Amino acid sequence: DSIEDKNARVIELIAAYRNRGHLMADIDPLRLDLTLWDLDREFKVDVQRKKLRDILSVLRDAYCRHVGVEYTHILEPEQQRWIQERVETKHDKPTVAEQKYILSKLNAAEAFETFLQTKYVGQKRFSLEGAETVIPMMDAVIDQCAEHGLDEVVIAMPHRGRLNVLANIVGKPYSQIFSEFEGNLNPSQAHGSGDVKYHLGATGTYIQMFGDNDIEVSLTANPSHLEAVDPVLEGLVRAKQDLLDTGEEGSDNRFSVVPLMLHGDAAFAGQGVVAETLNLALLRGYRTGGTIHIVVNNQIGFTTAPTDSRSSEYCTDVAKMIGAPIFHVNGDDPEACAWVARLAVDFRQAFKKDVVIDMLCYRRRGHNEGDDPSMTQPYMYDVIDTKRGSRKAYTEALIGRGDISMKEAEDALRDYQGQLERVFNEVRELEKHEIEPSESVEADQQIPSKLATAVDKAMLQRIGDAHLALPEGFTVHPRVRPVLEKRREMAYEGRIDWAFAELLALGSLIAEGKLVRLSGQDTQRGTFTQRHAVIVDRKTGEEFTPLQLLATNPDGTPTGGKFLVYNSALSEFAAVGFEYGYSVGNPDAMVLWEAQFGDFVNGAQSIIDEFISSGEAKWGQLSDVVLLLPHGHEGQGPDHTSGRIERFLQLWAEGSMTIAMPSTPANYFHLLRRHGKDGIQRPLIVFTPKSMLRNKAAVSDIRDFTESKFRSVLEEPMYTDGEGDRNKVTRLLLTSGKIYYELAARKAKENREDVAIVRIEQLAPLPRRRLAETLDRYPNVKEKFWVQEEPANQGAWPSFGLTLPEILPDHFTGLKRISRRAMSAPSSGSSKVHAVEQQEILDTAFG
């Protein structure tokens, strides 16, 4: 009513457009879903005086045209002001040369799809038709990154316009893409079992069209499993940033390697790994200084409408949890798409935070190029039939503006189409090779000859002394202090436990110049209070990392090594994905991921199945990620007992991974040191102990570290070092893990000279030669038994019971099993029932 009362209604209106203007924005290319006298009156705006008509025009233009902005949810006021200053101001129109360049990208995007439709009508390619604006948008992201002088852009994306992105953004040769469609692959392309064309990656150098800077562009490989690559990309980028000494663990806060993550609208809302990966964005051990997210929102998921794909307004609403700004942009406006892309990069650079671009578009054809979409979405495809497409609509705009002519536009398309045909002809002209079955990739990585993993006594002692080389005035917790003192004593006197042997292995590698990354749930202290990789000051809370002292030589010079130890988030899928990604990103790093209990690794099953166990065969992607899985039957229940050995053994083929269950601390030390020094970029699966960590018998001597190597097959010390007679042995018990000690204690108690226990430390690849050689030392053996704690359908028996009598018939024909009955669950819920079952196994083994 009054001038003071009207001014309050203006501030409400300013806020309404800033908070809810995006709900009115003309973002959908398909289009499916105070008095008038006060307009010329001046009002106070945060302070300057502006007319209502000018305030309203700025608000409508910024928030209700082809760009929908979601940013008021952000808690940082400086971020809200930064977005406000760049969206609520008239941004200069692009140059004729820049416009022509955008059209050239839309031309290369559309013609690439139509060419494939004409030549390979029967083959699926997951076309970007109806979403061609992704190409000039990604180009603008990469160009803006190059303008900031960044080092690399790493891309992860699904199937949608993948071939297009590889050819028009990354720079993968058209000849290579057409050869995959032709089915005529050379020995390098036909190597391994392989994977489909829209899962493959590439690398290249992006050169600025209107700038002088250049930037590396990489696209990583991925399975069909939508969004599974999300933490893998993050891990890959983090490893690269750590090598470049940029980012969280670097000197320069540049975060010069940029993750560019693409997504589909149904997969972004539906896959849990998306929230798991976004939750890593600002963590100390996982941050990459912000990811640029592009959602190719074609408002469909195969035959599923968005109404059945999510419970939220936008497919991007999950990204609001990390305070990420969200930009919904109309896919029919390539200039707004290129502008939002450059704004996104600028925001990422200013606040080192994630930015999400929701590109509203459509899918011109069916889900695949063979699917009929009118069966399930007739109304949408009746609307698509009327739409002209971004390329033709943008061409008509540029001719209308007077930038180009109809002839210039037509000659440009014919030049690109001509170039494709010329390359297609040469691929067809290549002589067709004989199609042969896929071959095992086992021989691709050769075991090095005579590799030494032993360390000198001085090394053990230095790692020991490092545990007591505390900073001035540091107050050690009274229950942590005996561990540090016992470790220095262990390093000089012997009887080294499992927890110290692990740190002796990692510390000696750091001293040799290796980067060690160790992470997992409560991994800094350890689930079983054994590691103490990081010790906390009882009074101040200051952290001390003893192994970090080994990154410096005694003269003061750096070794080149580093110890990166973190407590992970309560995730398995994202954390395992990230560590796999890290190991691929930096192959010279020692990357270890620890499960709280091995029973939780099934939460990251997609990473194990789709990346860790099959990545080499499928894409030639090498990873040496170490998985530490606490395993053992101790009466703690079915979810605190098994790391599912049987599952990893089942997945094993073509010498893809090393699967071990060491029984001694020294053997574990040699296993870890071999993995970090052998140069075999293949994963390592370690079934680690819980109660065995504190077993007084499960200790090792200094000579085991300084004079021995890894031993895949272990005999009882009485036959190798003692006065035991191998000829008295009639019964042979073959085992793996902590049950050896329980069997050895029973053998000692009853003085059973007729029984020998042989341990298999390396489960896969099977040490066939060493195992045969070891059994040949017991000539009077009449019966052999595989003994294990695990149920009959679990542990090593499902694979060993079948492979051992086949690979060694003269040694294992008639091999019987001693174990728990076949069980649905990994063990019993009661510790008392476990104890009875355990005694039954020992009684049977000595019956």
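Residue numbers count along the first chain shown, from 1. Superpose the two forms; the largest set of C-alphas matching within 1.5 Å is the rigid core. Only residues modelled in both forms are compared. What changes on going to the form deposited in another entry:
- Residue shifts between these two forms, rigid core superposed: of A344, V165, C361, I177, the only C-alpha displaced by 2 Å or more belongs to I177.
- The Cα position of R125 differs by 2 Å or more between these two forms after fitting on the rigid core.
- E426: CA moves 2 Å or more between these two forms after rigid-core fitting.
- Positional change of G402 between these two forms reaches 2 Å or more at the C-alpha, relative to the superposed core.
- Listed in sequence order, 121 to 125, 175 to 182, 195 to 197, 368 to 370, 397 to 433 mark where three or more consecutive residues have CA shifts of 2 Å or more between these two forms on superposition of the core.
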The other form holds:
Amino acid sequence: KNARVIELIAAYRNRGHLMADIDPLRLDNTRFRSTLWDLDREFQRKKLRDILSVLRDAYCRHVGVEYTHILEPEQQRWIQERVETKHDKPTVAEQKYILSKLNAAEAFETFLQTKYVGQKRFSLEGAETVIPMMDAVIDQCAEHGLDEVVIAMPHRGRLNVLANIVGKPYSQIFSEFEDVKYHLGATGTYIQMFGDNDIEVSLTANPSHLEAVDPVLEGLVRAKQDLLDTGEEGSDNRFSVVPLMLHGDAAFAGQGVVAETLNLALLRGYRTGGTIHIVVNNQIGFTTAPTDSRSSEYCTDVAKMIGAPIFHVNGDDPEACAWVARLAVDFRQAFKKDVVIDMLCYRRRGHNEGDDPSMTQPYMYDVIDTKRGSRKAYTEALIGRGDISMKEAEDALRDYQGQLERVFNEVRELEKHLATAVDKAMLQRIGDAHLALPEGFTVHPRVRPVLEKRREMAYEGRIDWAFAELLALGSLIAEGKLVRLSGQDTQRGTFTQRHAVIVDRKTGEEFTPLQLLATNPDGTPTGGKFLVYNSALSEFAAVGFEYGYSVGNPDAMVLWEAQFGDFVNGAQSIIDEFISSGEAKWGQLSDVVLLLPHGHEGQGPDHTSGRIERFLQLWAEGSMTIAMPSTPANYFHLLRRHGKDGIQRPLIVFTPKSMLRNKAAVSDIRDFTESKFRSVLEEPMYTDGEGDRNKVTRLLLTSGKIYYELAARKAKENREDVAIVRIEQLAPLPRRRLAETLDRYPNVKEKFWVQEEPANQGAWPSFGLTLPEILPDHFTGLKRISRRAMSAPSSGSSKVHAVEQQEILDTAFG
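Return one more block: the form deposited in another entry, after the form deposited in one PDB entry shown previously.
Shown below: the chain alone.
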């Protein structure tokens, strides 16, 4: 008998959610339809009837709890202790407060659909309970003494969230009201009703691409946490900035970025101490039914990927919704892990102004047509339960009418109205840091020569690309800058060149040489820090995270590195919707750096190109800086200029692979100490040697590693009639420097743009059209030397690659 009871307890805890009354529409009738002497028997010693009543109340009323999939027993125990108790009914005051939030939420919706045209698509009607729910989340975060709640959400109810959650005045929200308002960021202050705390509340900008903002929000919150010295990189472990992420049911189940972002939730490089997720589950996706949208019971099942607790709650019960919101915040604070709230509700209107939703979902909309709103339902229920008197209900309807008038009236009143050069001692310090190992640290035998070579380079020169990068980042840290660098295998470097983190051969302990530069020789901190991580195997979420990190902390140097530039197309949505366009669309600024290894080396179409042509196509005046440096010193100056220029603008860098180890691609100490970034470079024989520019009749214009091959062919054949000029900064085109450089070769009769990439790729598609237009006296007659146009970045054969490369060199010198 006691064995059947234990199995019955487990059955309610595991599967009671399959029988909970969570759907306000009750669309599926089969949901519910599909001994007595044992009830008074005692089984802590409690009667079976009391055990069963606690289980039905906790798991089979208006909240479906999914938590037995959680692997941590202490988390399962924490939930079952809070859920399996006799809960004290809310005070009438708390019920009246929740009703006032529904009053404000519904008053906003009535106004939005009555005053303006084309607002049906944004309607929160049938889902208004999300407002007292969000209110409870933020109020509970303030109760925990947290610093800020950052929200990311799509368009549904966004202006309602601005007014009733962020607390933006109507004068600001409806100022010159057309749709861009549905994409902009916002900031406000939430002041507790029944408490004495306040908390900052912000909303991040986003495109119409559903869920694409998810990893952006995480990076933004992480940057804010790092600044407050809270969380993973902080002294305190309160993670005092809370991500509050809203979603729609169809998008949450279908978009891959959701799983990529959930995958970041506990990573040392990306954790934000747990995100509070709210899915506005109106059980429809435009005209699409959930059966065509997902292959699982709930739209939230993806959250089981990280063992997150899931609460399915009935949107027509705002008390249960507010209670679950507060429980979610307490779980997040206790375990620093994500909590998912699935609010079952409905979409009162069609998807947009034209849509009659009974055309495609007649059964659902015949049931929706019998529904009174959550506010009228909650007021009527409170009257029935004997919770409020007829007078108190009339006062509630008066408060609703007052809110409605206030928004109409207020909107009516609104209608009436630099050097980057460092001293040599900085280079020496960064070099010495590579040999300043912790006491008893055991360096891997193959890493030790790298550390010694770096000390040698810092004092004697011949500085390679990999060290030049760390000299730039280390000098920024010494000057007080926060530097965050990440990507796939970025700590060591894909080409075993970086070693930003070195690993103890015996203990596995990590040592970060550049972190020593965060402390001055006197011992005081510089205010700077080096944060370097290996990312998860993701492009979409990792790029979105780094973009959001730079938005969150504009003073940080933020770099994301692709394993090979060819994989960055996995993050195309972030490049198109945020990086390249966020500034022009929303006035949102980012200084994020994307490092994209690029170059034709015969390793195939997925290990050759960062798609220079695509980034040049996205570019417009002042949107991004695009570069392909050919020397370590120039890369050093490019990064230091980027971090010190006081301009928040993304930087795209096409970085080398084999050129990392090209013995000709090295720089002198004086290039770091007495020079600056050069958008255009000339051959050293003309700037520092005995070369004669006046002998040149053929000018080769190029970018990147092909320069060294062209220079080696020029040297082999003693071709004084040919000069090679490098365009280091591809965008904005350095018009003036390019004009000035070309003027010093007066006997040029022919000019060629030379590139490794196919004719429909690389810089030619844009340069071939732009250069003869911006500089007609220099580039009229400009011809191309490249690989033939191809549907792939390169051939799949290393043999075909070598022949094509030799054809380019032979044509250039033909």
